[PDB]
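Here's a solo chain for you in structure tokens, the form deposited in one PDB entry.
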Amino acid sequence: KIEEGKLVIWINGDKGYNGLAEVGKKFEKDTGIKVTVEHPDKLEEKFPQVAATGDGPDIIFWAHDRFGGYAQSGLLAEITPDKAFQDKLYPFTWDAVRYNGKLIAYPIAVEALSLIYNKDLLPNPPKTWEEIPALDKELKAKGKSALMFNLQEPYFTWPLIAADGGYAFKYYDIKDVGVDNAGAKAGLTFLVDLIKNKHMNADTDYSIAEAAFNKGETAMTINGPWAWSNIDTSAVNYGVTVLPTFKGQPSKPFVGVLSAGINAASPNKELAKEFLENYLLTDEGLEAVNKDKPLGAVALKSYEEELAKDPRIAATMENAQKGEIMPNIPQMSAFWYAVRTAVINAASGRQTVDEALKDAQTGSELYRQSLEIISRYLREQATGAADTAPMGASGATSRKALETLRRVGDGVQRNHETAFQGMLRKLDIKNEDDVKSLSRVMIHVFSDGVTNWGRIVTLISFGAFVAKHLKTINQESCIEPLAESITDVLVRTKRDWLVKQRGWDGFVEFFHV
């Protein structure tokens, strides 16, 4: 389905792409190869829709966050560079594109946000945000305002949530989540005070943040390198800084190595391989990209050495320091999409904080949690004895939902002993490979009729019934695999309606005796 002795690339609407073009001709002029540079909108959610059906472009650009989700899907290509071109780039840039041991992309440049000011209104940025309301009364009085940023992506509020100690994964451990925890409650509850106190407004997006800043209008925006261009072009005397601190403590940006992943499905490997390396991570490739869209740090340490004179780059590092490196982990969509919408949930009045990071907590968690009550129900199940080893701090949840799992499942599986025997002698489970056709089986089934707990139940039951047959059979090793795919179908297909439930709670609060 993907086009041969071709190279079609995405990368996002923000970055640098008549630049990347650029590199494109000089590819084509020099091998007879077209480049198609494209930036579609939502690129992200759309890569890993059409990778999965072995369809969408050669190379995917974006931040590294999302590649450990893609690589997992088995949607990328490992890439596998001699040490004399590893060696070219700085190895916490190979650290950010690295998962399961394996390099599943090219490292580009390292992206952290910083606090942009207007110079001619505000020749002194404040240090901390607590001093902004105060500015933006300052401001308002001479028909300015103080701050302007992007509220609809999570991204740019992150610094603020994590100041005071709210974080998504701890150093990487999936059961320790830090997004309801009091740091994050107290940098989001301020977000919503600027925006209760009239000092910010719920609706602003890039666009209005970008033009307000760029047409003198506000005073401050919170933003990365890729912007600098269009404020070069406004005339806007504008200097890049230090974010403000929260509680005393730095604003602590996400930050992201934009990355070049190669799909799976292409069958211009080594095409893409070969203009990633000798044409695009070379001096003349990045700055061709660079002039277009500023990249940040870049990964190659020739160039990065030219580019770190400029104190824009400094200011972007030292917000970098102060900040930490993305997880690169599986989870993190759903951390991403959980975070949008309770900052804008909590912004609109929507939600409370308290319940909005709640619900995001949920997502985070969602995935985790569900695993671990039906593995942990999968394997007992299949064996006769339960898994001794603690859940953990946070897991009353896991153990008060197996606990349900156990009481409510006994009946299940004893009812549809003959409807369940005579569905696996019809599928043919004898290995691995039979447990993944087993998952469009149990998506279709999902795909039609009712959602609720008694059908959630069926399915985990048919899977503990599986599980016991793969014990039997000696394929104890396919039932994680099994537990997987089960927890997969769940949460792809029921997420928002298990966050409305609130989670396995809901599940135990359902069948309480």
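Only the largest set of C-alpha atoms that superpose within 1.5 Å between the two forms is called the rigid core. Positions refer to the first chain, counted from 1. Compared with the form deposited in another entry:
No residue of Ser447, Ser477, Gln49, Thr472 other than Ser447 has its CA displaced by 2 Å or more between the two forms when the core is superposed.
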Second form
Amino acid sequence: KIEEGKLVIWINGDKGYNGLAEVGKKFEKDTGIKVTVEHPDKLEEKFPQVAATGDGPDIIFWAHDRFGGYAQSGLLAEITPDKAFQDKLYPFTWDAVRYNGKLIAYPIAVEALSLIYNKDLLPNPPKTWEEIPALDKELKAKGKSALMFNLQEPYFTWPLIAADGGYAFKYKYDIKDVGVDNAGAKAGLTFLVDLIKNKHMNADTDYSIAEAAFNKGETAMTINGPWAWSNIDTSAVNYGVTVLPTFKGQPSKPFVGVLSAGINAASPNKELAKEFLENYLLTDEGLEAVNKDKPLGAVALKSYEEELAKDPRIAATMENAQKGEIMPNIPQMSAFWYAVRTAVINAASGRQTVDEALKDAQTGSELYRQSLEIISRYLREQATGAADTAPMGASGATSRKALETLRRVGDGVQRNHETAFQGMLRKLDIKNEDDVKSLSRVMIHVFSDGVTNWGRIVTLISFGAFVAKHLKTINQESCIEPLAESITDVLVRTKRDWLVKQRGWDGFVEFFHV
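Following the display of the form deposited in one PDB entry, present the structure of the form deposited in another entry.
Below you will find a single chain and nothing else.
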């Protein structure tokens, strides 16, 4: 579907997209190739849906956290710049776009949130979150407020949640160990909800409202990234960019992003995109053009980062970055974020308590790994006749009981529905690893095309088991794990909210309990 002889680029609407379009023009000048820059809404959700069908842009810009998902689904070209080009960027930026040992995007700029304050209202900004309520009472007596920032996107609230011990995935990354509902995270989120309760903040505040309030001098502080600074310059607010406040004596820990540019695997213009990015964008003049539209942060390109490093707003961005953590790029980042977005919104609005919101968030963040664990073990033990000896790990009680439940219910389905299982198995002609990939697409669609309950879920998994037995029979045992990942993937993507609403696999256990 993608058109040859041209470049289509997607980038978020808070970045310097007119600036990018000028770098575009310059590429056209030399090559005769038109460059179109677009900034559609929800482009990070839209890219994977459209790229899957071989559609979408040639180039997508986003922070690096999303790109492992994209690579895992096969949606990105492996980029292989030569050593001379690699040496022009900071190795840590290349690290942020490395997935399964392969480079999967070009890094552009490092982004962290800072505290932005209005110096005419607050000559000295607060060192602690704890002093903010009193500061707010003080500012409200003069018709102003202390702080406003986007409470609709968990990226802005995370530095506080993480300050006293909240984490996504532990310290490689242990995907088994999630810290979304530990006491640290509870305390950070509770402090936020109290802010709202006591009228220091409003749960409906979003990007635009916080931006408008700060940029007209109604609120003394916001929380935002470098991209925001241009609009504040335009507004004549006398602002500073500084270190985020501490919570319970500990630094606020923002999740640091590396703005990154990946090339669509379905693109017929890969040499053009590589040439654009390496030799027009990632140059002193290319990045300047973008930075002057909307500041990029600390750019990946060493030569231009040296000029920008002198700016104290960059120094403050790097100081907040140093106290935070580089985002993981693992495929589960998307589910983590979706879960935490929901938890913050619901806690803030009062729809759930902090305990309920973060419990649900934890379940959602663990859902993939846990489902895979159960599903994978079932298919393998069914195929070989023997259980996996290794420990279940964290949430092991749930996993173990789900597996025992599934053994009872799934064996019953296979036994009672042998005929049809044999029938559809026999129809499909599973002989190789290629034919197994085919199978998924069918299961993918047969599952998705129907209602939602545990019987249909058991049925999907049991058929998986039935196929697994076959695959061992014909010495294709290597294909069982990919079958399990595939089944798990349809299950947790299409059924996420229903699964969370059931208390995940504890609900499966209860529903089929004798």
